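There are 2 protein chains.
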Amino acid sequence: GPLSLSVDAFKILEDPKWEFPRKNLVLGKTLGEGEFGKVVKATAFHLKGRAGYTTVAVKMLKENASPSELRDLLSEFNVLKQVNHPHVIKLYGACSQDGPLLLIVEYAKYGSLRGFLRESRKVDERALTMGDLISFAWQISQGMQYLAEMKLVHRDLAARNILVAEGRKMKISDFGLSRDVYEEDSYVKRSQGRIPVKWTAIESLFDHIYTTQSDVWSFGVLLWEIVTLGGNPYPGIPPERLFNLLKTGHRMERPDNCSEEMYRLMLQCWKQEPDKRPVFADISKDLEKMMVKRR
Amino acid sequence: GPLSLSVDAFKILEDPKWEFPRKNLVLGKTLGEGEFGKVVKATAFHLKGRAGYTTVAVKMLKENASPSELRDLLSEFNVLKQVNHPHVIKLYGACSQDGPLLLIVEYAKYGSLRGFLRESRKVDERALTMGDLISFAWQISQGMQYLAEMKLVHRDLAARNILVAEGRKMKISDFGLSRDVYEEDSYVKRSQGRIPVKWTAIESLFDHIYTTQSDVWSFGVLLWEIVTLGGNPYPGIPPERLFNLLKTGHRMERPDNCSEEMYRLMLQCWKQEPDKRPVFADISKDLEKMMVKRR
Ligand SMILES: Nc1ncnc2c1ncn2[C@@H]1O[C@H](CO)[C@@H](O)[C@H]1O
Ligand SMILES: Nc1ncnc2c1ncn2[C@@H]1O[C@H](CO)[C@@H](O)[C@H]1O
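For the protein sequence lines, the chains are A and A', in the order given. A prime marks a further copy of an entry chain. For reference, each letter of the first sequence is one residue, going 700 to 822, 842 to 1013 in the entry's author numbering. For reference, each letter of the second sequence is one residue, going 700 to 822, 842 to 1013 in the entry's author numbering.
Just chain A, same shape as in the assembly:
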């Protein structure tokens, strides 16, 4: 079937530009488990012209991986090798022979944005200003604008899936569910999606249509996560209630420590009609203006 074809073909192009000798990779502690596998901290010797060891992160299949998980890992690999942007996590290589499939990616020092925000507070030990939060949102919007121009839909935008690198630089990550959208400006999935309900656009939930505008919806939820310093969306509400809640026009209320303009932006991202939501270029301009205003 489709996966056996991909796997056999994959083990046919041992692309030297992505293939990295397994003996030059040393695996360390588990950093956590993502959408399709686990992520471990690692170090790589003589990686991509870099002298000595380079600290990296490695993505691999969990125990008892399914075909769906293997497909997702190959998908992320396929996408990551096409993209390059300061706010998208960087692929360094892969190990595809003489062992389990491994993706070698850029190591983000502070881990996920969600964890980063939860360890913080507003000015809980790290002090973040509203200015910092706007900056984080803006960097992500910039990365998304790039991905959108690349005709890619991310589909799984959320604070758990953004990484914080050295210098507090946002890196969009987790591309296992991302899809090419060039031909039709949409990705449609017949079966049920594997993206969490509470981050999914109304038309994606009901009609299984994914577009950049559905990514914009997810960015609105992400925005809410940032402003609430890693709060849980639709708190206390079961995911199965979201069908009725969304279609009757309900949205999350304005959270604490959130300006009228910021909330307006969230609401705009959650407009029922995808065409009424702003594009990422619009979003970036909105955030930029908020930044300069409070100065």
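Because the hints were derived from the structure by calculation, they are not lab data. Yeah, the Cβ is synthetic: ideal placement off N, Cα and C, and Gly gets one too. Please note that the accuracy of each hint is not assured.
[Unchecked claim] Covered stretches of chain A (chain A' as the covering partner; in silico rule of three or more C-beta atoms under 8 Å from a C-beta of chain A'):
1. 701 to 715
2. 751 to 765
3. 796 to 807
4. 909 to 915
5. 918 to 931
6. 952 to 964
With the hints as your guide, set chain A' with the ligands onto chain A.
Same frame as chain A, but now just chain A' with the ligands:
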């Protein structure tokens, strides 16, 4: 879409025969996480005519549930209410209103068969004889024969998905991926399956066709798990290698502490041609004969 229809309809038949008052249910420690959600130990007051409290297990959606996970939970509910057999886990009810969806099922005292076997040894503190192991396999084969006659394919048969109840009674569980097969004697899935590669039949892996005969393949792997007291199938072999390994005719070798007849049975379950594999009625007769022989 299909899920919104199921959810709305579900919240339309608050079937009194399955609905249980949420106030009469008290949740306890997490027992673990399954294919679509988490399982917690619980107690239910005045459950199904039973006076007082009854200890039960409860299945619910994990944090950040996806539509796929919600569908799987509803699927398991739909199946469990149709089945009744001493070696299939029993459904007691559900909570579907005024809170998160909860399935209330029979509590198995010893937890999963995999954990049960790993804590043991052959005669590691619990002493199991080969006779006990055959008995466990036989009970499971009996349950599967029942499910097969019911025109259901389980699809996710594995030691992790069998439960051990009081008296060391096997209970087949985890029906989230189980499918009705009445019309065509097969279930075909277009997209990649979410069943672990190493338990999946060759034709299911390559062609996405699931039948009772593919369940028989899984039973062979389960058999191997039982005989090895909870070993890990295809040890040291990456799941993505199984495509080539299986299609070139390779199978797991005869493990230690395993008779020629038992291994023969495993191999028969893993015949490439589904029609050459035994049916569950055959499997039960094979195990029965091994039982009486060693006496
Ligand atoms: N490139 C990476 N660098 C550091 N941590 C990561 C990376 N990718 C994923 N993680 C972490 O792995 C876990 C599962 O995605 C999360 O804790 C997440 O932050
Ligand atoms: N009905 C049940 N009774 C006891 N434990 C269960 C039940 N269903 C699932 N579990 C446990 O929950 C975890 C995840 O499936 C495993 O440890 C499994 O054994």
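Against the structure, the hints:
no.	hint	result
1	701 to 715	holds (count 5)
2	751 to 765	holds (count 5)
3	796 to 807	holds (count 3)
4	909 to 915	holds (count 7)
5	918 to 931	holds (count 5)
6	952 to 964	holds (count 5)
The structure agrees with every numbered hint stated previously.
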